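Colleague: Read off the chains here:
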Amino acid sequence: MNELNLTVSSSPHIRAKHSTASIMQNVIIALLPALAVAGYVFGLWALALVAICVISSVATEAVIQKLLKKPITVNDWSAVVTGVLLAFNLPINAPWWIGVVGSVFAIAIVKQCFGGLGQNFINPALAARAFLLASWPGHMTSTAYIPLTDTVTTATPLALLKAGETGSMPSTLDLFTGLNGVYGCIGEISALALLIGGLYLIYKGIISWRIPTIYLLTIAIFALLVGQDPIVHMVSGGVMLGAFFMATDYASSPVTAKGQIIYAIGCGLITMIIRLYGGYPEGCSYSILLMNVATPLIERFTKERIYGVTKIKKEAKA
Amino acid sequence: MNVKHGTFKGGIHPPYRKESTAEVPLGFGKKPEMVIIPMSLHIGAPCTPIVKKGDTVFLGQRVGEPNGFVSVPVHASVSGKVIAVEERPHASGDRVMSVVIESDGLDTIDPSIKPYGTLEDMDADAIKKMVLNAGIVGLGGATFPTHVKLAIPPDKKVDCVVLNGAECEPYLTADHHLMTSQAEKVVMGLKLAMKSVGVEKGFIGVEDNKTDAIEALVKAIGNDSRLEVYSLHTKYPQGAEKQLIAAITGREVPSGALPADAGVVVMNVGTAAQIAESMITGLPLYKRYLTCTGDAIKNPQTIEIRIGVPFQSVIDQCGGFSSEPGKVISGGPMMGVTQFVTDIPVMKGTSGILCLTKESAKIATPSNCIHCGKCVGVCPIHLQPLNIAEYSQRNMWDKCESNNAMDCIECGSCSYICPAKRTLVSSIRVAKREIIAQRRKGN
Amino acid sequence: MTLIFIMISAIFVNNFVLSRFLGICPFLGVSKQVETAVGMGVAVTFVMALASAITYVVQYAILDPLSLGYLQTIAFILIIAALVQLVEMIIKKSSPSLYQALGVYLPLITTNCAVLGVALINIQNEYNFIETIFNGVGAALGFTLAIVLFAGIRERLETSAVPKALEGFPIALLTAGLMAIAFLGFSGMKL
Amino acid sequence: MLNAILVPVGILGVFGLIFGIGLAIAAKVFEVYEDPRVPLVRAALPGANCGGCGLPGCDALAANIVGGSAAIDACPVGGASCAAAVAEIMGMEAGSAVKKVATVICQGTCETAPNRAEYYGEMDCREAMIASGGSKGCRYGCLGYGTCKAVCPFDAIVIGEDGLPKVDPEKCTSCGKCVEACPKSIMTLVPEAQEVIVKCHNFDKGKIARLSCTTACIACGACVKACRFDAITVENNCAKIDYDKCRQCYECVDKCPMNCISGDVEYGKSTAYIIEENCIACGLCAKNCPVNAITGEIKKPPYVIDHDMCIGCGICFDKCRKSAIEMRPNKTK
Amino acid sequence: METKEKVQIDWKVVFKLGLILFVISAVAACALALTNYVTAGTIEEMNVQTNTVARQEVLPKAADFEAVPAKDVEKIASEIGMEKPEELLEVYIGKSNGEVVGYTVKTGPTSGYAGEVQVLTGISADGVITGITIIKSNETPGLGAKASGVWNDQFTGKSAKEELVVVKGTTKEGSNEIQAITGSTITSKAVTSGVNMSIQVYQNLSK
Amino acid sequence: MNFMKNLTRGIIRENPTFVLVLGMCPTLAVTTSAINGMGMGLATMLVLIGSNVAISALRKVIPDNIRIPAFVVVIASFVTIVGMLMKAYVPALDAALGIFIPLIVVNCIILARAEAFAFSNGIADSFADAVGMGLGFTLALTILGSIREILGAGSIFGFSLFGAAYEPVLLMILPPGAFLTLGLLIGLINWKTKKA
Ligand SMILES: Cc1cc2nc3c(=O)[nH]c(=O)nc-3n(C[C@H](O)[C@H](O)[C@H](O)COP(=O)(O)O)c2cc1C
Ligand SMILES: Cc1cc2nc3c(=O)[nH]c(=O)nc-3n(C[C@H](O)[C@H](O)[C@H](O)CO)c2cc1C
Ligand code: SF4
Ligand code: SF4
Ligand code: SF4
Ligand code: SF4
Ligand code: SF4
Ligand code: SF4
Ligand code: SF4
Ligand code: SF4
Ligand code: SF4
Ligand code: SF4
Ligand code: FES
Ligand code: NA
Ligand code: NA
Ligand code: NA
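Residue numbers (PDB author numbering), protein chains in the order written: chain D, 1 to 318; chain C, 1 to 443; chain A, 1 to 191; chain B, 1 to 333; chain G, 1 to 207; chain E, 1 to 196.
Derived by calculation from the structure, the hints in this document are not laboratory data. It cannot be assumed that every hint is accurate.
Cut-off 20 Å, straight-line C-alpha distance, at most; resulting in silico cross-link-like pairs (EDC-like, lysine to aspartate or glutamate) [said to hold, decoys possible]: (1) A:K92 <-> B:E266; (2) E:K195 <-> A:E167; (3) D:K314 <-> C:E401; (4) D:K317 <-> A:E167; (5) E:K87 <-> G:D72; (6) G:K95 <-> G:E83; (7) B:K333 <-> B:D254; (8) C:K421 <-> B:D124; (9) D:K17 <-> D:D76; (10) B:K269 <-> B:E251; (11) A:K93 <-> B:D35; (12) G:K4 <-> B:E34; (13) B:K205 <-> C:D261; (14) B:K184 <-> C:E401; (15) A:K32 <-> C:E390; (16) G:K16 <-> E:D64; (17) C:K441 <-> B:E34; (18) D:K311 <-> C:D261; (19) B:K184 <-> C:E434; (20) B:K207 <-> C:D94; (21) C:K362 <-> B:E118.
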């Protein structure tokens with residue numbers, strides 16, 4: 001009298017192998033060499049801050065997922081990515097509580113108040129960075145980036161470029177490798193490591209070439225049309241990190257192919273407009289945040305054509 | 001010969017585990033001792049039994065009479081004695097009225113069966129009458145009647161017949177064996193269908209992983225200039241009657257208008273072989289091919305088995321269970337239906353039996369959407385499955401209808417590529433059912 | 001060149017909704033759909049475009065050479081009220097009657113705080129006819145752009161799992177705060 | 001002092017007069033909308049956007065009148081009195097209705113009707129119906145995933161620990177949102193005064209139904225012979241009760257061998273509980289009404305009648321010219 | 001022909017609508033003019049008093065003040081090479097028993113963050129700064145409104161001989177150095193430019 | 001019986017800030033301190049009381065087509081008188097709220113209550129409704145201003161709490177720092193409304 005007790009469900013009965021955790025682990029693997037370069041250049045305090053941010057993020061999420069009576073999905077490695085990308089946006093002379101406050105703002109308000117993973121419309125790390133810059137401008141402006149051991153530099157390359165003093169800026173090879181006197185955010189000084197990390201993600205299939213190519217092409221064309229150097233404007237500031245890792249966020253980007261091209265062109269235009277005639281030395285963060293607002297408007301005009309539809313010339317709605 | 005190539009846009013690449021049963025020879029099932037024949041082996045109107053308990057039947061004798069126009073008769077597979085005219089379990093999950101026949105041992109042919117004729121004198125009306133009388137339905141899976149398909153309405157014009165040889169679901173190899181063994185019957189059935197409809201053009205579409213079948217079909221065609229063979233790139237939704245039309249002819253079927261409005265007639269190679277066999281011999285449809293495979297089968301193989309044999313006899317003939325199964329599926333892995341018991345008989349549209357073990361039948365719980373966008377990229381109809389699923393999950397049928405949810409073909413792949421392991425196709429099916437139901441209670 | 005800079009400053013740098021805190025109640029009221037937002041925007045554009053010239057003429061032709069500058073506000077609001085009545089007099093007749101779903105925000109166009117606000121701003125800045133017209137049109141275009149973007153974001157958020165307690169107004173206020181931060185990035189430019 | 005008061009008064013008066021005349025002229029032109037009989041039915045409606053409708057809101061119903069495009073009693077949620085108040089603006093109507101509540105015709109709770117297999121997917125009734133109709137042993141029973149609770153707008157359905165829903169009669173307002181949302185066609189509407197309901201929906205024969213569930217209907221037909229008012233009929237291999245002919249005699253309840261009919265044995269037994277004030281030594285009920293139950297001699301008041309039998313139908317409560325018999329339920333428990 | 005000859009009384013109901021509004025408007029004016037009168041006088045008086053208070057703190061002494069006829073102010077603005085005119089509002093001269101004590105000058109410099117700031121500066125006989133104050137500002141309450149606090153008190157003691165420049169650092173270096181507020185820089189530069197133009201006016205006048 | 005209910009609708013049941021969401025521009029504009037909110041609430045309460053009494057006293061002669069001009073004329077007259085008195089006697093509060101004192105005439109609450117309760121009631125119900133609405137507006141403004149000021153300045157009513165080394169959150173006194181705060185407060189109230 002042996003039974004079977006089979007399982008009944010709906011089609012299909014097979015699935016693929018990739019999941020969310022694999023994608024986030026691959027993102028962390030791509031981000032590792034920039035962390036190695038940062039630890040080599042800025043010392044042992046550049047790593048500890050990162051750890052602090054990561055811990056805070058995870059803790060916050062768990063507490064919320066315990067209080068709202070929801071499953072604790074902390075093993076998808078998303079808060080780790082948010083914490084690492086937030087920690088890469090900090091100077092070397094920041095106190096310990098700034099990272100905690102930024103992580104709490106990024107996780108509790110931007111992400112978990114809208115539903116959770118994938119339910120928001122804006123970038124958490126960039127919004128937390130913009131909140132920190134506005135709340136405490138003393139700890140985040142032009143002096144926190146220079147290490148205390150150096151007393152000759154006193155200025156970052158973009159500030160010298162805006163002031164017109166292009167005689168004391170570091171050389172282009174030094175700006176490209178980030179190894180001789182180049183200072184700034186701890187995870188933006190090297191463009192070779194970020195390029196390698198972006199190429200690895202393109203090869204795996206997580207991201208596409210469209211946004212990273214068109215962002216840099218628009219920047220180069222804008223720099224060439226006003227009589228500037230295209231190479232310098234691309235290897236200085238937070239452009240490679242933004243182009244490869246922060247403008248390709250899943251929950252804030254369009255899903256089609258034409259919308260991505262328009263999104264990249266708009267980002268590249270606004271970045272240079274704020275850089276050249278604005279009140280900031282850099283405008284990458286606000287250019288990306290302003291294109292997260294117009295994304296639902298682009299997505300309603302760039303839809304594809306269904307199979308078998310020859311379209312009616314605006315007569316159904318009449 | 002002039003072999004052209006074709007392909008379409010979108011799709012997936014499953015592992016395609018067909019190599020297990022491709023090199024195994026073709027097997028033949030033994031003589032059955034008991035058959036259960038249901039009254040609904042097609043779609044439309046169920047038949048009415050015309051036999052009683054204790055009666056004696058022959059081989060090929062009719063045991064069911066059609067009711068309306070969209071209906072086909074039902075015959076008997078073996079010669080014996082009728083023991084029950086009650087209702088028995090069916091593959092749809094509910095009991096269906098059936099006839100149980102106990103075999104005698106001798107195959108006595110009904111003394112009213114003779115060959116119909118030859119190709120040179122049958123003509124279209126008698127060809128259609130022979131097709132109706134033999135109870136031939138669609139062997140591609142839908143089990144639509146063939147005599148209805150060959151009756152073109154006067155307000156429609158067609159000019160070509162396309163045979164579907166692009167067998168695309170994994171684990172299935174019956175069509176490969178049929179094409180490699182009986183190519184002449186396939187060509188004869190294509191010619192008969194072409195004469196019946198009244199056209200002078202015919203195409204055959206075979207995928208590029210069956211080059212031996214392509215060579216056999218080319219050799220069987222000979223010097224005929226009205227027949228062509230196409231090679232299609234190996235993809236999953238390639239053979240679904242619409243991507244085949246797009247790849248071979250280049251036309252597109254309109255939004256809800258059937259292939260007959262595109263001027264084509266699509267038919268399967270197994271149906272053509274059955275038409276040719278029934279014309280040559282005069283016997284009705286009582287036997288077909290099957291592929292018994294899976295992870296819990298000792299000796300997977302492709303075997304020819306009569307209609308009415310239970311699943312358990314087929315499983316026992318192929319070795320048995322090496323381990324305890326966790327899932328039994330009638331069909332393929334992408335469009336099959338899970339079963340409850342093993343007393344189910346085989347039918348005219350059954351193409352395989354797939355048994356999976358407990359470890360291979362486990363899928364993780366669904367999670368939150370991460371807006372990756374792969375489901376948009378894999379859709380062959382160019383829809384957006386995520387929006388339809390999210391609208392259907394909170395009972396918004398107007399938004400589902402406005403997002404073109406009624407032209408989905410329920411093909412799998414959108415649910416196959418999801419990293420979050422969701423159930424998009426089930427939600428789309430729920431939305432389609434609700435939209436269809438609301439058109440009857442409000443009109 | 002001055003007119004273009006005035007228009008650009010009115011639209012982007014000094015948006016009336018996200019910076020100056022003027023058009024907030026209709027911003028949260030009728031921003032649940034794109035079509036209603038567009039209709040409200042074009043109506044408000046017509047109202048300010050008609051009101052700016054009349055207020056300029058009334059202030060500079062009668063009030064100034066009479067030492068009667070303390071009546072300004074009441075006189076101004078009187079004109080605006082009549083104009084809004086005429087708008088409410090037309091929309092029900094010729095415009096579709098299905099657009100009367102604003103729900104009390106149609107007679108509150110006088111109260112919109114952006115018509116009288118832009119009139120007072122134009123008076124205080126000592127502009128001319130063309131400058132006042134351009135400032136009014138720029139303010140109206142900024143209001144229209146802000147409300148259209150808000151409506152699009154809300155339509156996107158319609159498929160999100162806002163748990164049970166925030167729902168409409170709290171999530172609208174949080175979205176407005178995030179948009180205000182993004183536009184706080186759009187500041188400091190000298191034009 | 002004279003001019004300082006004279007000038008602003010004149011200016012403001014001229015402005016006000018000109019604006020008023022212009023506004024009156026514009027109103028005489030653009031107000032040709034000509035919609036008469038201001039709604040006056042929204043106040044008599046009380047509406048909460050429940051769903052027993054399909055005109056785009058109660059305000060749309062208020063706008064739809066004076067055009068004759070809507071029915072007088074189109075709203076069933078409010079009731080007959082609500083419709084009487086709504087169309088009493090013009091009047092010439094009067095009516096009344098009966099209150100009803102939702103009920104579940106099933107009593108198989110996860111141990112008398114177990115599961116055939118295991119189901120993987122979302123926890124919803126329609127999603128379960130996609131997967132070959134479900135995994136329950138009985139193909140007509142309750143799945144238990146609470147779609148009806150999800151579609152209820154007034155919060156009246158709670159899913160019990162046994163798997164079957166329960167409806168609060170104080171929060172259910174006579175609609176059908178849970179009736180067409182059930183994939184099994186199980187939820188029904190029953191009058192609140194009815195206590196005899198056949199709770200099953202099984203359309204199978206004897207042996208299969210007996211194997212499927214503990215309290216299934218085997219279509220034996222023993223409940224039809226007990227009833228004499230022709231209120232319960234067996235069709236499609238299932239029994240059903242007509243509520244318009246049921247006298248609540250509680251005779252079919254004890255005759256069912258499988259316990260499918262709801263109700264307890266506490267009924268009737270009040271044979272000729274006659275008030276002594278308003279009968280004239282009638283002598284008409286003593287003869288016959290299907291049982292004897294009365295037999296005696298003349299029965300001058302007060303009546304001397306022993307009560308040990310009869311079924312208590314209720315026919316002897318209204319057929320009297322004076323209605324001297326009073327019906328009172330008084331039994332054990 | 002007026003939309004098919006509206007029937008007579010359609011004009012009469014016009015006369016009902018306007019007149020009432022007319023009456024209402026008159027009543028409003030009949031209030032406001034009276035409320036205009038007395039308050040206005042008081043307001044003016046208060047303003048004048050406040051203004052003189054703003055002067056009496058900028059030059060701590062017991063003396064009298066005299067105002068130029070403002071034509072000399074325009075003459076000073078025309079000369080010296082002032083690029084932007086009308087940025088000098090009032091110049092006053094202090095007098096104590098005949099001897100010249102100093103000057104008090106009010107200026108509105110442009111190029112602020114949110115418009116025009118009003119800065120009043122007093123100076124003694126020998127070139128020194130005895131203190132500055134802010135009269136009118138429209139800056140951010142938490143960011144640019146800190147100029148009217150402890151930041152002003154550091155301005156005293158500077159000689160009125162050379163210009164003043166602003167340094168973005170905690171170290172005040174040496175002479176004619178002004179340390180700006182952290183996170184607020186344009187507001188400091190506007191006040192510095194106003195003080196510089198006041199020093200230029202004093203240097204031109206006192207020679 | 002009919003007066004206390006109208007008076008006590010007011011703060012709790014029909015709060016203009018928390019339940020109706022009206023008059024949002026001065027709510028989000030001037031609430032950077034606990035002093036500006038109280039003064040704005042008191043001025044709005046006086047204007048509301050005067051306008052409601054005046055409008056309810058004349059609900060017999062105003063036609064339907066010219067109601068808005070008469071309403072705005074009366075409200076603007078009262079606003080002008082109050083502003084003149086405040087300019088004469090309280091200059092600091094005038095300078096703190098310079099632009100929004102002429103804008104009390106258009107406040108989304110006075111006109112809304114004028115055409116919904118004052119037009120079809122007596123002189124006694126309108127007075128109680130105006131008093132309740134003014135008290136609710138004042139309480140909401142004071143609470144929001146105190147909450148914003150404590151975080152963004154480190155002091156309540158001008159009295160320091162955290163010392164002289166405290167570094168304030170300067171976003172709370174910025175335009176983006178109001179919206180979020182208000183939203184959270186409303187959410188909290190809704191939760192306590194729905195779970196009780
Ligand atoms: C996703 C999908 C895949 C299909 N694959 C095949 C296939 O591989 N072979 C086939 O013959 N029919 C296939 N069909 C069925 C065809 O659409 C079509 O119904 C069939 O060619 C009709 O054959 P008949 O005329 O013999 O009934 C598929 C249908 C769908 C929806
Ligand atoms: C390709 C990729 C890019 C991401 N970029 C970001 C980012 O820029 N900022 C961030 O906070 N999280 C980022 N995340 C992770 C984050 O948890 C998720 O994408 C959503 O933005 C969370 O709502 C990224 C994840 C992926 C896979
Ligand atoms: S939405 Fe339909 S057609 Fe598109 S991939 Fe999914 S099942 Fe296939
Ligand atoms: S594939 Fe899945 S997770 Fe990705 S967008 Fe589609 S539904 Fe969302
Ligand atoms: S059922 Fe009646 S009361 Fe309910 S929404 Fe519809 S019309 Fe209004
Ligand atoms: S009554 Fe119907 S809808 Fe409700 S739980 Fe049972 S099967 Fe589901
Ligand atoms: S239980 Fe059913 S009938 Fe009763 S209120 Fe809820 S949905 Fe309506
Ligand atoms: S047999 Fe009747 S009572 Fe039992 S589960 Fe089925 S429907 Fe319910
Ligand atoms: S209760 Fe009485 S009247 Fe009703 S069905 Fe049963 S026997 Fe018949
Ligand atoms: S007596 Fe009970 S089991 Fe028999 S038919 Fe009636 S309800 Fe069904
Ligand atoms: S039935 Fe009525 S009238 Fe007849 S004896 Fe009884 S009480 Fe009297
Ligand atoms: S209940 Fe019926 S049977 Fe009994 S006494 Fe009354 S009428 Fe007769
Ligand atoms: S728009 Fe409502 S008070 Fe300003
Ligand atoms: Na703002
Ligand atoms: Na802003
Ligand atoms: Na005023």
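Colleague: Hint compliance check: list the failing hint numbers for this structure, sorted ascending.
Modeller: 1, 4, 5, 6, 13, 14 and 17
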